[PDB]
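All protein chains but one are shown in place.
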Amino acid sequence: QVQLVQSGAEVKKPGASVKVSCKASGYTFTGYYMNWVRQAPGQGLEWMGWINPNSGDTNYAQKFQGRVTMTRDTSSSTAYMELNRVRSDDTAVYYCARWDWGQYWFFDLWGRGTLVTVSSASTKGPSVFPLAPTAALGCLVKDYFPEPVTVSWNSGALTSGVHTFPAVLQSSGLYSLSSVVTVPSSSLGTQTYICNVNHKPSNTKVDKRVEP
Amino acid sequence: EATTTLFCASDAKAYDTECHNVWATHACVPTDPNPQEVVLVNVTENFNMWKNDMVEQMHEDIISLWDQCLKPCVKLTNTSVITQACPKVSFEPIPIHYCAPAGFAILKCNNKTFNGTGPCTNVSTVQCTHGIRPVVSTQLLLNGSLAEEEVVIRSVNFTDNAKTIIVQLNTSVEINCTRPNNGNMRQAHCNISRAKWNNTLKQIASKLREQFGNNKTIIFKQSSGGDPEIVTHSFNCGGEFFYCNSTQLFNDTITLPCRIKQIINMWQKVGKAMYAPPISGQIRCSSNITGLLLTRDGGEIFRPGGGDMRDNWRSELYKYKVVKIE
Partner (left out) sequence: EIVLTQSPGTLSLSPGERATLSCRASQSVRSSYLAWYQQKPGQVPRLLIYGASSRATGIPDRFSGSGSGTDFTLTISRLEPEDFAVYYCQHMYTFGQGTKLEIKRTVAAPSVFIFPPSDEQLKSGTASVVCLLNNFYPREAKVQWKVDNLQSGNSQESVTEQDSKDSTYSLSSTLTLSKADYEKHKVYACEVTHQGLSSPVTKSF
């Protein structure tokens, strides 16, 4: 219904080749340029290239020339981009936009985004540790890969006062984050607390308990 | 039948280090995916090459290109002097499409034998003009557009001798210019076919004879005098300016002598400019001659013209006019 649907997140090793696909459905595919943009985690945007779907002529930036190859498929109304010699610097979220030729330059449509992660370590599940104690109480999601991790409290029952901090990459290459909450003494003594850690890349559901 | 601001468009590559490509990436949008060429039936509209705003727009855009993208180390004017740095870069003309803005369109006369001024029988409207390589040349025309049918002559007034006469070539005449490395680096040369040029010159002479009925067997000669930019065949090749002597053309395998000039009369303003030393090695440039800029000596004797690059853009923008939708 006029959507730019991108592929799912991918995990790659140094030196491999990555290919993310941007399928557009709802509008005329051939009549509009397809641009590829990437954003590193916590940095600014960077345009990588675009492709003319009607004729197939592409354009890339100097930084990418040689190792990025863009293709399009008119039959299925999709546009693929490939990037060789992947490196840790390429880890970023790749978006695809649609520009209809005109006087002004602007990105009207944006894809949901595809997360590409490049590192040496392999896919590993998280290790949950309790941070026991108005006081506070939290959990430590240590040594996990890739980045996507979601933390809930008491199966979504607890919400107020919760703070989930952005993950930080450790020297070993495995990420680590912490989720803490503020709780008065009465509730901490009469009400039990538990951390629900979901790491979908590894299909890892963890339910840990926190007590004084 | 109005005029407004146009915007350039070209299929430029953002990774190439050719000067033209740099400026195009950050001053011209890509090419229109779908070309909208509509042939209007039974439409009569008067075109005018010389009082056209598209020419001045293209002239302004090119001026900025050369400046930002081919900068002079030392510029000289009667009043002032400006010194700056000029980094050596590559320079190979690319095609440029000058599109009309949203809300306007371009009327195109689709008949080869159009004099340039007057009504056009068959006109077709296009959203974007075809790619025009912005080549700066003196006397000769290069990397240009050929007349589909036959050679055509265009001018404001054949009666007034001062007005320049523009000619669109019938068949592209190839010219191969190179400065080989041995010594003296200025010395260079261009090579052109003798028989092919003689035939093309005879064809233009026949067209000129048709313009002036009685057909007095005329002969061409070198430009009388003035700055060397108009007297000699000058053009930019491989980033270095070449001032080739066109004495042999206007009179085996013809070969012209060339000389790389550091200081030249710039066409942007009234003044001079200087550039860095030349590059050391083989320089290769092969272009297609597709017309000439000639003027008439009063009294028919014809001598090469040029110097004002606005005429070159007129030669390429003769069949295109910007107008408002209905």
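Letters A and B mark the chains in the order given here, with residues in each chain numbered from 1 onward.
Operating definition for what follows: contacts are C-beta pairs under 8 Å (C-beta built on N, C-alpha and C of every residue); 3 or more make two chains touch, one makes a residue touch a chain.
Set against the missing chain, the residues B:25, B:139 or B:295 yield one that touches it, B:25. Taking the complete complex into account, residues 7, 14, 25-27, 29, 68 of chain B touch the chain not shown. Residues of chain A in touch with the missing chain: 44-47, 61, 95, 103-108, 110-113, 127, 129-133, 135-136, 138, 140, 142, 163-168, 170, 176-178, 180, 182.
The working rule: only the chains that are shown with their structure count from here on.
Considering their complex, residues 30-33, 50, 52-55, 57, 59-62, 64-65, 101-103, 105 of chain A touch chain B. Put simply, chain B touches chain A in their complex at residues 7, 11-15, 17, 29-34, 101-102.
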